[PDB]
Amino acid sequence: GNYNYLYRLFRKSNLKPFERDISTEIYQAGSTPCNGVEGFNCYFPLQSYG
Amino acid sequence: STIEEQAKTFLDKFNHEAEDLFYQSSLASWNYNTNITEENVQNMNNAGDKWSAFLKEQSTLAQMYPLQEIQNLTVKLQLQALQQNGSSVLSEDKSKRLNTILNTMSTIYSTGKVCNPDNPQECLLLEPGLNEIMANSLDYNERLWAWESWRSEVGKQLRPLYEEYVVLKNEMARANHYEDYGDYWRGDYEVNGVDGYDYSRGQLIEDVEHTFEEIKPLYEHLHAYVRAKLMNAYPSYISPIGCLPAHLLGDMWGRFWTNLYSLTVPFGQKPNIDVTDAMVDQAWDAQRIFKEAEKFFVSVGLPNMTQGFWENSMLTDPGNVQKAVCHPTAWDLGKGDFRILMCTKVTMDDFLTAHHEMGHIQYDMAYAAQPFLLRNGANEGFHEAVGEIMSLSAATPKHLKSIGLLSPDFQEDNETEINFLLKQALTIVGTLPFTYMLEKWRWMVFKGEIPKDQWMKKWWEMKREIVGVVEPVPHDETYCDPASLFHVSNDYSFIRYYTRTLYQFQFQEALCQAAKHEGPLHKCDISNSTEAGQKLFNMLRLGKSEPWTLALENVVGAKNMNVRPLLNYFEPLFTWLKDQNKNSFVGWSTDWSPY
Numbered sequence: 447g448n449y450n451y452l453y454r455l456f457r458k459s460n461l462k463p464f465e466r467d468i469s470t471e472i473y474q475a476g477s478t479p480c481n482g483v484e485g486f487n488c489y490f491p492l493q494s495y496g
Numbered sequence: 019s020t021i022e023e024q025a026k027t028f029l030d031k032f033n034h035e036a037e038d039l040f041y042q043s044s045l046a047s048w049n050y051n052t053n054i055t056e057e058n059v060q061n062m063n064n065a066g067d068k069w070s071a072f073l074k075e076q077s078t079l080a081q082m083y084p085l086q087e088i089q090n091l092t093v094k095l096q097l098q099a100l101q102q103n104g105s106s107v108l109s110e111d112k113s114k115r116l117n118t119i120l121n122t123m124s125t126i127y128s129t130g131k132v133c134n135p136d137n138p139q140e141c142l143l144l145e146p147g148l149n150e151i152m153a154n155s156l157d158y159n160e161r162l163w164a165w166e167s168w169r170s171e172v173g174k175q176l177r178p179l180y181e182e183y184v185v186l187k188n189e190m191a192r193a194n195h196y197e198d199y200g201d202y203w204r205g206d207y208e209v210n211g212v213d214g215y216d217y218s219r220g221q222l223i224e225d226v227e228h229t230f231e232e233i234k235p236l237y238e239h240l241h242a243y244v245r246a247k248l249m250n251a252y253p254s255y256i257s258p259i260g261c262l263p264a265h266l267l268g269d270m271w272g273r274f275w276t277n278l279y280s281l282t283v284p285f286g287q288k289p290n291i292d293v294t295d296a297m298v299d300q301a302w303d304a305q306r307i308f309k310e311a312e313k314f315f316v317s318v319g320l321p322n323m324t325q326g327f328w329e330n331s332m333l334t335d336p337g338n339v340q341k342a343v344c345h346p347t348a349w350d351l352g353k354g355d356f357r358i359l360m361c362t363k364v365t366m367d368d369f370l371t372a373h374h375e376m377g378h379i380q381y382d383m384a385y386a387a388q389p390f391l392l393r394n395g396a397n398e399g400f401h402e403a404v405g406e407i408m409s410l411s412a413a414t415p416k417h418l419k420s421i422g423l424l425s426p427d428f429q430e431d432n433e434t435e436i437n438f439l440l441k442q443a444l445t446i447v448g449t450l451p452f453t454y455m456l457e458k459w460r461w462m463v464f465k466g467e468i469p470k471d472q473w474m475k476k477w478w479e480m481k482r483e484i485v486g487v488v489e490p491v492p493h494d495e496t497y498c499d500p501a502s503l504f505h506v507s508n509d510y511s512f513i514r515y516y517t518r519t520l521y522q523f524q525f526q527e528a529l530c531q532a533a534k535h536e537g538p539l540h541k542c543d544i545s546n547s548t549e550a551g552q553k554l555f556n557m558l559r560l561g562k563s564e565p566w567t568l569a570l571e572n573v574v575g576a577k578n579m580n581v582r583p584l585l586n587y588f589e590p591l592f593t594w595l596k597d598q599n600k601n602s603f604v605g606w607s608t609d610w611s612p613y
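First to last, the sequence lines map onto chains A and B.
The letter at position 41 of the first sequence is residue 487 when you use the UniProt record's numbering, and the numbering goes up by one with no holes.
The letter at position 339 of the second sequence is residue 357 when you use the UniProt record's numbering, and the numbering goes up by one with no holes.
Keep in mind the hints are simulated off the structure, nothing from the lab.
There could be a bad hint or two in this list.
[Unchecked claim] In the DSBU-like style, the derived pairs of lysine-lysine whose C-alpha atoms are separated by at most 35 angstroms in a straight line are:
| no. | chain 1 | residue 1 | chain 2 | residue 2 |
| --- | --- | --- | --- | --- |
| 1 | B | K234 | B | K416 |
| 2 | B | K112 | B | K131 |
| 3 | B | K174 | B | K416 |
| 4 | B | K247 | B | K441 |
| 5 | B | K94 | A | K458 |
| 6 | A | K462 | B | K31 |
| 7 | B | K416 | B | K247 |
| 8 | B | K247 | B | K131 |
| 9 | B | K131 | B | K341 |
| 10 | B | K419 | B | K313 |
| 11 | A | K462 | B | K416 |
| 12 | B | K458 | B | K363 |
| 13 | B | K174 | B | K131 |
| 14 | B | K363 | B | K288 |
| 15 | B | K234 | B | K465 |
| 16 | A | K458 | B | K74 |
| 17 | B | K353 | A | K462 |
| 18 | B | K458 | B | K476 |
| 19 | B | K114 | B | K31 |
| 20 | B | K441 | B | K476 |
| 21 | A | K458 | B | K68 |
| 22 | B | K247 | B | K541 |
| 23 | B | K26 | A | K458 |
| 24 | B | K26 | A | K462 |
| 25 | A | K458 | B | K31 |
| 26 | B | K234 | B | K247 |
| 27 | B | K541 | B | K577 |
| 28 | A | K458 | B | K353 |
| 29 | B | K419 | B | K441 |
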C-alpha cells in the first residue's frame, strides 16, 4: 500500500480557482477551543492516502 | 457550530481511517486462507486486534455525540451502528469469563469424539464421523445409538455451562436497555425516524406467526408424505398416527433432509438432470464455468468484473503442494478488490456454488459507491438471498440447454419436475419448522417465559407439537439437548435463514413477473431480459442507506413479509402431495411414542 500521498479533507473555507496553500492548521468545528491536538471537535487537516 | 456538521466530519474521518484497516485485515485473512503458515496467522491476529482496538476507541469517541438532535437519517443510522456497546457493558471479569466460556465451548464443539466401546479407540471426528454415519446408513439401531451417544456426550459437558451462558447473555442484554437477548437480536430489523414505513420489534414475531400459519398445510402434507414413504420402506419402525423418528432424518440435528431424497424418490427409475457427463465430455474446466457465469450476469444486466478479479482469485486447487482451505466465500476487501475463494471443479453443485459466489460479488459491488458504514446489506437475510435467487433461477434445465450444457433433444415430462420440486422442498421446506421452533425456544428462554428447570421439558414437547419429529428415547434434564447445534453453541443468529427463505421466493416471483413471463414459476427464466435486471440493480445499490421496509417495495411492491410467492411456487407440488396423500392420513398426534 502506498501512503506517501496526503490531501486536505476538512477546512473552515473552500479554495479559490488557481489557489495553492500549504497551511496545516487544525480544523475546529465546535465552539470548544483547540490547543494543538485532536479531541472532541479538533481534527487534523492532512490525511494519508492509500 | 451545529452538531450535524461535527457528526458528519467525525463520520468521514472514521471512514477514512477505518477503510485502510479493513482492507489490511481482509488482505491478512486472504493470505492466511491461501497460505497456512505461522507468520500469516500472526499478522492476521495482529490486524484483527488493531481493528478491534480502533473500533472500540471510535465507538467510545462517538458515544459522546447525542442521537436525538440528529436530523439526518443516514447519519443517525451510522451513529447507531458505530455507538454499539457490545460486550463493554459488563465488567472486565465478567467479560473475560464470557470469552473463556465461548472459547471452551468452541473448542469442545470443534474437537468432537465418539469413542465407541468394545474397540480400542473408535474415537472419530465430527464430520468424517457422525455425519457420514447418519447420512450413509440403512439401519435403525446404529443411527439411534450414534445420536444418543453424541447427545449424551454433548449434554454431560454443556449442561452446567449453558445456564451460566444464558445468564451472562441475559445480563448483557439487560445492561444495554434491552428487555431480553431475543429483543436484542430482533432490533436489527427495527427502523425508526422515517414515518410511514416503520417496523416495530414486536411486529416481526406476529409476521413470522402469520407466515407459519399458512406454511402449516404444506408442512403437514410433506410430513404425511414422508410418513407414508417410511411406512412403505420400514413397516415396523413408524406408525400412521405417531410422529417421525429423530435419528432417521438424515442429519444429526434434523435441519437438512437432503439425504432423505435418495430413499424417498418417487421416480428413481428415471434419470436425473445431472449434466456432469456433458461437462466432462465437452472438455470443461473451472475457467469456462466462471466465463459462462459472467456471460449470464452480463446478459441479465450486471456490469463486468474488475481486472483484479481474474488475476487474484484462486480458481484452481493447488493440491498437496500447499495448504489452502477450499471453502466458498465472497471476500470483499472494501477498496475495489473483489475476488472469490473457491476450489471450483467440474460439478453441477460447484457450478451453482460459483453462481452464488458471483451473485454475492455483484451484490457487494452494487453499493460500492457508499461509505464504509453503508457498504453492507440492509439485514442479515438479504445479503444471502440475493445470491441464492441467482442459483435458484440458473437451476432451470432450459438455461443449461441454452448455454450448451444440456442437449437440445430433451424431454419435458412432469416426473422430473415433481422430483425437482420434492428435492427442493426436502431442503427448503423441511428446515422452516425446525428453525421456527428453535428460534421460539431461544426467544422464550432468553426472555424468561420458560422455567430454568423445564428447558428440555419444553424443548421435547415443542419438537412434537410444532415439528413432526418424536424422540425414540426420553432424556432427563441433565442432557443439554437444545444446545447441540452450531449456531446456538457459537452465538450466531438462526432466524436469518428463515428470513432469507421467505424473501428469496418473493424475489424470484418479482424477477419472473418483471421479465414479461407467464406460466409456471419452477421453469421461469430471468436471463435475456432488460427490465428485471434494471429493477434488480435499482434495489441492490441501496444498501444501508434506506430502510428495508422501504427497499422491499422497490423490487417487489409489498411493504411486509409475505409467503404467497412460496405457495404459488409449490402449488404444482402441493397439488401432487394432495393427490398422493388423499388415501392416507394427514396429521400427527403427540400421544403416540416409538418407545
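Consistency of the hints with the structure:
1. B:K234 - B:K416: The given pair, whose Cα atoms are some 32 angstroms apart, holds under the 35 angstroms limit.
2. B:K112 - B:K131: It holds: about 30 angstroms lies between the C-alpha atoms, which stays within 35 angstroms.
3. B:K174 - B:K416: 52 angstroms, violated
4. B:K247 - B:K441: With a Cα-Cα distance of about 15 angstroms, the restraint between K247 of chain B and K441 of chain B holds, given a limit of 35 angstroms.
5. B:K94 - A:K458: 24 angstroms, holds
6. A:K462 - B:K31: 24 angstroms, holds
7. B:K416 - B:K247: 31 angstroms, holds
8. B:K247 - B:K131: Satisfied, since the Cα-Cα distance of roughly 33 angstroms is no more than 35 angstroms.
9. B:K131 - B:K341: Distance ~25 angstroms between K131 of chain B and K341 of chain B Cα, so the pair holds.
10. B:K419 - B:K313: Measuring from Cα to Cα gives roughly 15 angstroms; hence the hint holds.
11. A:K462 - B:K416: 61 angstroms, violated
12. B:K458 - B:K363: Violated. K458 of chain B to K363 of chain B sits at ~40 angstroms, over the 35 angstroms cutoff.
13. B:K174 - B:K131: 13 angstroms, holds
14. B:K363 - B:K288: 26 angstroms, holds
15. B:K234 - B:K465: 26 angstroms, holds
16. A:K458 - B:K74: 29 angstroms, holds
17. B:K353 - A:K462: Holds. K353 of chain B to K462 of chain A sits at ~31 angstroms (cutoff 35 angstroms).
18. B:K458 - B:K476: Within the cut-off at roughly 11 angstroms; holds.
19. B:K114 - B:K31: At roughly 31 angstroms apart (the allowed maximum being 35 angstroms), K31 of chain B and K114 of chain B satisfy the hint.
20. B:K441 - B:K476: Given pair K441 of chain B, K476 of chain B holds - Cα atoms ~31 angstroms apart, limit 35 angstroms.
21. A:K458 - B:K68: It holds: about 32 angstroms lies between the C-alpha atoms, which stays within 35 angstroms.
22. B:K247 - B:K541: Holds, at about 27 angstroms.
23. B:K26 - A:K458: Holds, at about 14 angstroms.
24. B:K26 - A:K462: 23 angstroms, holds
25. A:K458 - B:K31: 16 angstroms, holds
26. B:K234 - B:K247: Holds. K234 of chain B to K247 of chain B sits at ~20 angstroms (cutoff 35 angstroms).
27. B:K541 - B:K577: Cα-Cα ~27 angstroms, so holds.
28. A:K458 - B:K353: 29 angstroms, holds
29. B:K419 - B:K441: Since the Cα atoms of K419 of chain B and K441 of chain B sit roughly 21 angstroms apart, the hinted pair holds (cutoff 35 angstroms).
Going through the hint list in order, the structure does not satisfy hints 3, 11, 12.
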